[PDB]
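Just the one chain here, the form solved without its partner chain, laid out as structure tokens.
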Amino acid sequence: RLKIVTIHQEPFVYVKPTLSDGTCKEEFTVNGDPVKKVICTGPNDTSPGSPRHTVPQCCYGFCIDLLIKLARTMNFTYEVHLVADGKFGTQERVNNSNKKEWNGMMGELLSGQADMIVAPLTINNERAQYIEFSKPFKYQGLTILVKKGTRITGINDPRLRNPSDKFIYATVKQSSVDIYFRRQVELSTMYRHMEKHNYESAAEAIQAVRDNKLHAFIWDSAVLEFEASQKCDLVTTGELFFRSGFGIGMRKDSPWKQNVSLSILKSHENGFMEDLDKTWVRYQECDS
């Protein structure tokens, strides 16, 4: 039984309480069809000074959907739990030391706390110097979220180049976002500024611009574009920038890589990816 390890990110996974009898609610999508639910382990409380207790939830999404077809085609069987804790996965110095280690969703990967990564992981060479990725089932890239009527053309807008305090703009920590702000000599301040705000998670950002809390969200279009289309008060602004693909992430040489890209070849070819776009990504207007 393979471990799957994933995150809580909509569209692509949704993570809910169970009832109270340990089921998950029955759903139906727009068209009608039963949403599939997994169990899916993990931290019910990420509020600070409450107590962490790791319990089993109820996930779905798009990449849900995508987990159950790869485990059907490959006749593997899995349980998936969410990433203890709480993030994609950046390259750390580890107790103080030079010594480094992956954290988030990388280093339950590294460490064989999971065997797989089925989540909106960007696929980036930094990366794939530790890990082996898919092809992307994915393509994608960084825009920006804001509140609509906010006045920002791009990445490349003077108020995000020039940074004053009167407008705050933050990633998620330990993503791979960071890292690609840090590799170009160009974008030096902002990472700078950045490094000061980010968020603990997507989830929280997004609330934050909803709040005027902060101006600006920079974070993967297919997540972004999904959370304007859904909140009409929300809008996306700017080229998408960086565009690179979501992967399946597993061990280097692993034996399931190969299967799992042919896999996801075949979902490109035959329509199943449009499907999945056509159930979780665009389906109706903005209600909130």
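We call the rigid core the largest set of C-alpha positions that still match within 1.5 Å between the two forms. Positions refer to the first chain, counted from 1. What changes on going to the form deposited with its partner chain bound:
- Fitting the two forms on the rigid core leaves the C-alpha of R52 displaced by at least 2 angstroms between these two forms.
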The other form holds:
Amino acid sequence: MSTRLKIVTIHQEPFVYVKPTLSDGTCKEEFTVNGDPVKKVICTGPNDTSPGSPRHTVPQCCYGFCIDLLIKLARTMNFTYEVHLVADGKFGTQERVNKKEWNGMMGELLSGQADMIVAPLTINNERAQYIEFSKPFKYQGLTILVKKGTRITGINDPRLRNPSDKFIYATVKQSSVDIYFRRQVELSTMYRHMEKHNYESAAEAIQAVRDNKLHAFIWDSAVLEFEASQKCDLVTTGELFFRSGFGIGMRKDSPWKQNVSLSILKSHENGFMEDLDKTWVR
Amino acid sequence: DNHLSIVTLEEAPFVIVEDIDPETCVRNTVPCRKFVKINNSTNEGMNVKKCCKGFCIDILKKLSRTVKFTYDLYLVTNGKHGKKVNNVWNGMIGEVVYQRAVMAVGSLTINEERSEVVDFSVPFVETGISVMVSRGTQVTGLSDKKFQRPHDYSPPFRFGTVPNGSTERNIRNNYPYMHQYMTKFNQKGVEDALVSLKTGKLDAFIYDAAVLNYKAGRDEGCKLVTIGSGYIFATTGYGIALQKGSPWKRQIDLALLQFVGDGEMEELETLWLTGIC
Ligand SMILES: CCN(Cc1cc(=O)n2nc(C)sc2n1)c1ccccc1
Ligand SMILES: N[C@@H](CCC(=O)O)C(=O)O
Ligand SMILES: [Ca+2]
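What about the form deposited with its partner chain bound, after the form solved without its partner chain?
Full complex below, order starting with the chain above.
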């Protein structure tokens, strides 16, 4: 009978934290430094992250900037929901099979497995051809994460523009960063190197920069700057390239689309979005 | 039906108006008309042929070429950006709302109340509210007790905005005491505000972030600055306003995201917005 919105998200700190439920199926009660309770939701998702492997769905705990944004959106517009983590663990790209298919949260939204994507989802032309994006909830860009001591100028460093097997730099597979290096001809020599070393997830790539396995990670500055502020052994290098925004994803015929963008505009104008930024990102 | 009526408004460096050449529009300029009244005892007027250029004008040029339309560009004369007066919209918003323009192109801030009556394209420039002060002025930002509770100070902090735009509407909605206090410091325009600041007649000028950051970038002796590291409160963007259900919105949004993706927006920022300071 349900008219509950199927929300799809992905594991991406500090926007979406994913933790196991307690032995009773509830979430560990936590608080901010202020004494304010951390709002948490039950998000069903696969416990086996491994590729080309069976996905066993289990209830898990979700919280963060994007979950706090979901709760506010649901409260403003008066809708109910249920959250699940993207079955394949990807943001989403369009790949050739003759035919073209969308994977990740993009594929899930288009197939009807989701009614809404609530995640740090980059707004771009490729995805905007198939889905409706809300007005952005965050404006950021691409930066590079390296181990503390790795000296690099940025996107115009000779170690990136002239690739070699000595210095390994990558990004996340089936992500907007992957889309960006593929589309831009001026970055084909960088894409060609990256396609060989691209990781399944941001977490795996960040951990590989810690384990001296990956020398440079090209990813979202909102994530990378947050990671650098916590893990003092990692630093972000250079300034920002491909400045891009994050938005809520919906199907083009979604009846909520106008009310989602108005709620996001309201939240930026009344300081609520900046408060989320203060609680989770800074 | 691809020859579109387009409304604009002067605000350097986004839209810059010049007199026609000695006898059409040359260089990087496009033709733009302005309805000019004969006298104030009549409704009679004449459209003056002028020339428009700037950051938003290059965006219009790119969109016209990509989205494949031609246009009749005019400068708004009934108000400025857009204000709802007794539920009646004036300015560039009003022109789109009352269907005298297919679209509004300029330094037009996307906000919730304007979004109820017009559709906005994806933002092409980030904006919001910034605070301009003389270098060294100690204020944390909008939340500073100097702005929030001004009479807690002797003498009180002197600050104002240019009324009737998105900055005033936001201050009105969020900080009622601050708003009613500020009205005595209302500035006629950006130029007067900067002069008021420099002549010590104003302590702070609260305004559109993208314009303030451009003004701070070009200030003589780099004296006037924006608080924080050019910080932005109630962060939003400039968007093209289109009529609700416009058949042009889809192609305009895709073209703008195409331009951003190809580094074309970053290029326009280099050409028009970057300053010395
Ligand atoms: C998140 C805050 N922004 C600023 C912003 C976001 C964004 O993606 N882009 N893309 C550009 C190109 S300029 C820009 N500015 C915002 C929020 C609500 C409405 C409009 C903008
Ligand atoms: N760009 C603003 C005008 C300037 C301001 O009020 O800050 C607007 O569209 O209203
Ligand atoms: Ca629906």
